[PDB]
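Below, in structure tokens: the form deposited in one PDB entry, a single chain.
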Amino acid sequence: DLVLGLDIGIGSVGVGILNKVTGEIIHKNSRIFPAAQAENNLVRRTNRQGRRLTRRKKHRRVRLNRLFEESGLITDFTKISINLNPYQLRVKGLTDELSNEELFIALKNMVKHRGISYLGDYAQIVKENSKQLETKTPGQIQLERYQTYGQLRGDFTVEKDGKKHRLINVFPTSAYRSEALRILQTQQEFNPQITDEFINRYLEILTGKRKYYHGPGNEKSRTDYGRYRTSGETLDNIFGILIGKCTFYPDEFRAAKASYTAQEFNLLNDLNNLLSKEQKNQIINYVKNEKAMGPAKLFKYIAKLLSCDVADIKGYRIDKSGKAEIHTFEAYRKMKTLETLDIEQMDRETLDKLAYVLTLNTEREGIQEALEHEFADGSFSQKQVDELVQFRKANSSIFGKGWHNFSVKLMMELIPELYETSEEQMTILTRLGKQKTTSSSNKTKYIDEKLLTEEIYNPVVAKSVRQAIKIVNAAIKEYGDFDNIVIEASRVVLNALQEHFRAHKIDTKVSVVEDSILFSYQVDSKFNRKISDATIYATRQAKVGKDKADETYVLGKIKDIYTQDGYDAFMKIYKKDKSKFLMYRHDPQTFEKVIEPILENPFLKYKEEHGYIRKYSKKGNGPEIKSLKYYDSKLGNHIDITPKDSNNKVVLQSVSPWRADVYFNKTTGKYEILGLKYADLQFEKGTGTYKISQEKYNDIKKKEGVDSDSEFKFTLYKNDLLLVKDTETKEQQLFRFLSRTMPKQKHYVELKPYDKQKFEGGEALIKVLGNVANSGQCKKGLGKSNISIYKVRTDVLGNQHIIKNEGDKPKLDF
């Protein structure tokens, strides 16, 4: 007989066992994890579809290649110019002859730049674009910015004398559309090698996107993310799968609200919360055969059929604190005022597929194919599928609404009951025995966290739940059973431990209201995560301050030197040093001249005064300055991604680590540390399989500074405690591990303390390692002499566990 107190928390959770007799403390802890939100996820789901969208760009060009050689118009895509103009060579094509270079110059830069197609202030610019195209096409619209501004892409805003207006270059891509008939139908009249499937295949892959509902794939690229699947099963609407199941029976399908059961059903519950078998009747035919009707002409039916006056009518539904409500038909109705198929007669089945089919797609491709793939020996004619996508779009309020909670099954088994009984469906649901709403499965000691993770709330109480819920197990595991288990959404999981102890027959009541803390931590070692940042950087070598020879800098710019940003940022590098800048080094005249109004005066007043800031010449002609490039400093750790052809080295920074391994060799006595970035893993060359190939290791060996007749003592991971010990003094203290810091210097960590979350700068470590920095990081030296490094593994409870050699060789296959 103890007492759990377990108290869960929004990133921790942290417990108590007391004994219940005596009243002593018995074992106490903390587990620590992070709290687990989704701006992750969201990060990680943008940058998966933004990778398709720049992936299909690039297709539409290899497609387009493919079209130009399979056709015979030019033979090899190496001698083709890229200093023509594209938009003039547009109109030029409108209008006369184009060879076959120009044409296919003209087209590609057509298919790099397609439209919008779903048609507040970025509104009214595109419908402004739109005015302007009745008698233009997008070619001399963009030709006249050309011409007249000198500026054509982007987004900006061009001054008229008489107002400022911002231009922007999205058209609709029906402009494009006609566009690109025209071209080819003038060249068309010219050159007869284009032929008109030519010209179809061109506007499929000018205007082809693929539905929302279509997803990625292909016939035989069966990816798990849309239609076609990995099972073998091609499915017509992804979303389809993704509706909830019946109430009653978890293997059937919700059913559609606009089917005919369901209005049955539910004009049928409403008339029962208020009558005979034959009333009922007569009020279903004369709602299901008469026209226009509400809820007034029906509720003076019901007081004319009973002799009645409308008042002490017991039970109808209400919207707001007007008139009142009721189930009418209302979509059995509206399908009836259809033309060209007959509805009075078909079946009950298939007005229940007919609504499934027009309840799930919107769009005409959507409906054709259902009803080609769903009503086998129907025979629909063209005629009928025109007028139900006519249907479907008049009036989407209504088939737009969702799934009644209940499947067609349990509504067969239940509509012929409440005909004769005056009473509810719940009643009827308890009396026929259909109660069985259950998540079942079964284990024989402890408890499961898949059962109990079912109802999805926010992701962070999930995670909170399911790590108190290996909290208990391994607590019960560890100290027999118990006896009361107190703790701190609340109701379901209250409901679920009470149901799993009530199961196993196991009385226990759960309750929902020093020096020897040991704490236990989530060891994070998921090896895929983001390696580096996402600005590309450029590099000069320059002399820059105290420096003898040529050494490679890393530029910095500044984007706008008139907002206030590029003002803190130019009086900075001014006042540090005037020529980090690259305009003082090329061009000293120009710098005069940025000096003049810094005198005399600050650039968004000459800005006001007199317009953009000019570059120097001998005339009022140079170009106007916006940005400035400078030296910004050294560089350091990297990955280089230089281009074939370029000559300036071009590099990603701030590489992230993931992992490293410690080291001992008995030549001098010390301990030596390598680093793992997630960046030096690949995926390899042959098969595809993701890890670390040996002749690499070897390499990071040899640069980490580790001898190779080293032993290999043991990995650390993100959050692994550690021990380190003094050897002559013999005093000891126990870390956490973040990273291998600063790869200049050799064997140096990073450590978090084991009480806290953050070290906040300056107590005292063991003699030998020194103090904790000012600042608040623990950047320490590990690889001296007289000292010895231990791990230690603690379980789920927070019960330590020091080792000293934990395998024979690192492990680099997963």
Given for the second form:
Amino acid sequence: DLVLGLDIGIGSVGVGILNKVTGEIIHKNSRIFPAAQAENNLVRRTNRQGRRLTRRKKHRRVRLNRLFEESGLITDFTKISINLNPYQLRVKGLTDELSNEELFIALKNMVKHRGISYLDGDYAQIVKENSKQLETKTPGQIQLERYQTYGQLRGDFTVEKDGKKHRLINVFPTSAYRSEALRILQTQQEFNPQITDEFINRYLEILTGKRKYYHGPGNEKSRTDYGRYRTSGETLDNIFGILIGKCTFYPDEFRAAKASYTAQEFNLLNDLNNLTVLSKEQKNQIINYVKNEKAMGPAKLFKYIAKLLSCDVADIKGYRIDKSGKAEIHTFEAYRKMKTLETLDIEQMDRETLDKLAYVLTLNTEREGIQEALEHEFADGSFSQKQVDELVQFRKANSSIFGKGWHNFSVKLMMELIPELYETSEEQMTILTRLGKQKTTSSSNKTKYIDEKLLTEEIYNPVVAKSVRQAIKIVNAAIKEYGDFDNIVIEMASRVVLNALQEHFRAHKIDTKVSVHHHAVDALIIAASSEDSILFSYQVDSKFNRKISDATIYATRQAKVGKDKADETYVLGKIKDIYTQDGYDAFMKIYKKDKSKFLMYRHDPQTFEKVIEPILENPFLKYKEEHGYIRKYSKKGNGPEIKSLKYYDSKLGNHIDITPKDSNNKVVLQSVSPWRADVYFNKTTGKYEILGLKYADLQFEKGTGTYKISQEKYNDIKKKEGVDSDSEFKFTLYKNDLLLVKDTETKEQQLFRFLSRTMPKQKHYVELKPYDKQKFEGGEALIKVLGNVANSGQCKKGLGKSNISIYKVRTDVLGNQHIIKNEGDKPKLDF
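So that was the form deposited in one PDB entry. Now I'd like the form deposited in another entry, please.
Here we give the lone chain, stripped of any partners or molecules.
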């Protein structure tokens, strides 16, 4: 027999298999994986909600077009001018008549910009200032006056006053926009007859329509799995209600609300069973006294207990104590605060309907959720309208009683325990032990190996779950290839994996004691506390929908730059905020490199001399403190301000194209990300051909909607990347899929990790990463057919040379190599 030791880091797990009787090393491995932290799901969720916002904004504008076309006002929306001022139109719309087109433009600009709606520190002060200025005048007048006096209204800006300054923001409450649109539409209804009251109703629905935070996305006919409408066919009416946890002894029932009747009964009965001096009659009497007396605290109930016992408060153990505080026990605070209603009584209703009413009032917060839950939950309830409105006002007034949370047990278990704790004096622990209910079962079937799923469901962090899953798969494969063990030592929360390992070794009668690169050697050290032959094994990344490129959008111009004698397309750049230190550094870089790369030096060169004078005399902050913003040259000092210039960055190369329909110049995206490669062989010339795909080449198909790459497009990539058609498809390679190259004249070989096919002009180049390390500090010497590594840290040597050979290797989880050389007749393009 033998011993396994196992070291678990953040993003690497290493093994060591040792002998107890001799002291030999049997197997070592250093599996590496990316540590899945939670920045990527935050980026994914953030981008999904941003896409939803932009979607709904564009759909708001389309809904406004359909509203204006179905009421028969106008017909064509490609004739309307876009060179008016809408703010002036809104201010004129307060006073007199506008036509159909003018009103269309005014309401369109008003739909595009509604305001915040969470009202109904340094940011709240300024929107409060806009609200305090808003009381005399409508926000359209605020924006218009800010325009006519300062020339600039959009975004936050700092405006020079006579003694000080202030910062102005464009944020206003949406009730301002509601009142302003109401006054505008009422004046136009005085003047124009075609506006109906249903028109202003639907318009104020569009202008102030936000979905509630418990509705989610969806529709009756949409059926996404994110909102209350669901794919299976059941509409939830609140999405957070399906996320409520389960019981601890009946794992098919949800929890009970903490402000119900049975929860407060169970809590008071356990709290008075806890106390050390009671009988069944005194329990019933004390429960009736807490139920019927009004405005009591803990000390009043303790004085009533001391009256019923005729003894002083002395040697009374079992009272719950709060921090630096006197005795506090459970009172029927929720029941009594619902007894202070007047529209409906509580004392004679039921026990069932009080539990369901407390569930409804605990879950929903707003008016509509509470009203719809009262109408949909209560079969044969039939509440009246003033009862419902008093219930909503009661929930809104008391927000601490109904915002405590949910109990642990269900109503079944507590209703079972209640009649067995009136007679006896036992707490819930001894009653649930005596009755045998201790199951809380959760398991899954297996025969000979450990299952990762039922252990991994203990979630602390995703990184601990990922590391534990890789360790359990290693233990599985070592058990498969070596039979059984005699000791397993695991060194990294750890109590759950310890308990699962001991449970699996207890249930299958194995007597193996479970205990508590560089990591392989430290795993050997840990296995003792019970190299060239270090073999590695990486994790292959073959997911095909990651981030396709960068985010910035670029503009292109056709201009001769430098020592060129032809017209090519250059990609523009832009220095923003020329008065900052970084803008001045970038300006001096492009100035000392080549002054003709700016666009202000070609068109309107005279003002560049005006820009020449501050650099010749004195940064531009000195000129701003002297005289203000640098102006474009004019006869007077009426010149426009200068804050940003444009230059020519570089030529155009590999790109994605998003060019709009009416555009004189190509609009691109850059830095596109690669997916996998396809190594081909040419039999005539005797060389290899390395094709390469990117994420932006796969796309959704217009017929089905599936995710695949076509055949003609793949042959187009075959022609562009420069492979021959009568060639032999050898294999593919993903990220971190190992690769053995070998020349055929000395027969010396080396194996690397694939990374990416780079530099798409120069053909058959491969970026490749080391077998053991990942850094490549400096240039370490390689095989003589390949050369030396570049002195910056990147390696992008060239394949496709004559007298060389390329084989794929695959390692298993223990790291045993398997060298293969041909996989199929054709690559796979369906997943």
